[PDB]
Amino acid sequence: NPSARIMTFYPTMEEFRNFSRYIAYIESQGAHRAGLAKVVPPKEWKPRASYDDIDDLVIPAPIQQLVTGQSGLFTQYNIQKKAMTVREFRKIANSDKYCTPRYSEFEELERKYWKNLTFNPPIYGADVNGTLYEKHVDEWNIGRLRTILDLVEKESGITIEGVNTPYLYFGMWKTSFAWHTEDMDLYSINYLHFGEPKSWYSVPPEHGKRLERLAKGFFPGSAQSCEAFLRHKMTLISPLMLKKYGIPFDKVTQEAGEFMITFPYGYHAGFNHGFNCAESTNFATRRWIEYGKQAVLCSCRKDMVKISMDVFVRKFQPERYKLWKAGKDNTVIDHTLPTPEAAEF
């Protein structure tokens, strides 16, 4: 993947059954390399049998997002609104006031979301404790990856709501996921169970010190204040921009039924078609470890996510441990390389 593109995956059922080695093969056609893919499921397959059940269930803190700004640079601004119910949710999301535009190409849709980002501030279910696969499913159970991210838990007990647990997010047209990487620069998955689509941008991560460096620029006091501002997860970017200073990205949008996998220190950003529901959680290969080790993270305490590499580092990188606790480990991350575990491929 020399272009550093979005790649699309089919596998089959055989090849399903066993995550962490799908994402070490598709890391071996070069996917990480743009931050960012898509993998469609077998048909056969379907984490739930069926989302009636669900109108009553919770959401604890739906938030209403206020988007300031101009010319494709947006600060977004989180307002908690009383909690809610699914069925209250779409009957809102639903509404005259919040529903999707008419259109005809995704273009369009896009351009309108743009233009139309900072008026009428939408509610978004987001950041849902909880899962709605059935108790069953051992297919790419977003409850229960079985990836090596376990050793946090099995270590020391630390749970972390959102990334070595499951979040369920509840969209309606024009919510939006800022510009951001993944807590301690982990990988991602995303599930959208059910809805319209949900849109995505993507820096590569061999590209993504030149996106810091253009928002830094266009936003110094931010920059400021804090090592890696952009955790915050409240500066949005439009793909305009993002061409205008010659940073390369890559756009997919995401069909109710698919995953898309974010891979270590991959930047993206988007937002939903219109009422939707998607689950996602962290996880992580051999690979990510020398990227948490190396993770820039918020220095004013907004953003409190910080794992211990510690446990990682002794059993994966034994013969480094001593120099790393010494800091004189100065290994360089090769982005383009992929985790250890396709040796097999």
Second form
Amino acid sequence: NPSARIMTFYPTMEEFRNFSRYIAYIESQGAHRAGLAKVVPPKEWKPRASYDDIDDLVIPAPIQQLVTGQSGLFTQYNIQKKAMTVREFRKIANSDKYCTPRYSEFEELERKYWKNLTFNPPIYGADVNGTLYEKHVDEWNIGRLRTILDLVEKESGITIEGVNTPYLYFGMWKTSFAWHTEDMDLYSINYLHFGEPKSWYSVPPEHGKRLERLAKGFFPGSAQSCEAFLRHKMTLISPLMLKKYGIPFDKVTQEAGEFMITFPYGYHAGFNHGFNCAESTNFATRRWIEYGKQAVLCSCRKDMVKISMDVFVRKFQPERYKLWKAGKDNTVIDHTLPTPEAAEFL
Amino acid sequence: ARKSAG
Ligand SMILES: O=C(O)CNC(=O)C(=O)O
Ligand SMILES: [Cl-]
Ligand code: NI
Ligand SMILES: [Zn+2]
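Next block, the form solved in complex with the partner chain, ref. the form solved without the partner chain:
The next block holds the full complex; its first chain is the one shown before.
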């Protein structure tokens, strides 16, 4: 069903200027149903003249990704490593023991990833606070997207690293991100600044519950210990297992200079093809508010991201606020519906 | 607190 297949968009410069407006557009086009969409920026647009002046950028907390599992079901353990520079990381990534294997087509690289992901644990330069944009880039600036999510900082005064601020991810071959939705089931934006590609898997929001049931079947202890253990970002499930259990999904490869958008309650996972650098943050639309209200959060850990929905319900749903505070707001989410801002185009 | 790879 292409209504739930990953869509790719090619905006003009005029269309590219207004970020939240374009997100509304792609939802008018049905892009949210896949849970993931690609946006190719116009060729004029550039975010950094050169990436050669960043070799002294420090990666404070590299993680080594140990993976244990079999038959398409794996668990990923992260090992913090001593801080290192982009320069040192690049050298280890482009190194012979951690560089991309030879391959002809993406299908072969994907096969090698799922065949060898438990061997030769890679190093992932993840969750680096910072941005590679220039102060003058006003379009699709991950540091200042200017969506309603900013109410958390502007009105509540709260700052959540990586959620309403940018994060950088330095990948090498075989580094991966496990199946998850975003914190508070928000949107996310991801730009591949440079380097080798990043491959993505996505499950349509309308089928996310199915994935959850599958995962809960395979890790009953983890499910018992936590209400939303997938938020631990440790669970890897291969496409062959998804296909075997009838979970709908799609795949897409993100190339340097390309944006990926993830949508609320869109489960995604993937892996990096080689040495690369990506910048990412979360964002919101009016549609997200109900998702935020209904998100099932991690119960077993302490420093977890929990956003008070009060400010959003007060401002955008005043007529439901009292009801919501009483615990009697029984709104059922329809994952096919576009955000209200898209009415312009429909 | 913050977003993390876990
Ligand atoms: O960049 C990564 O490693 C993983 N990214 C995401 O899960 C995202 O942007 O939603
Ligand atoms: Cl278990
Ligand atoms: Ni994500
Ligand atoms: Zn938990």
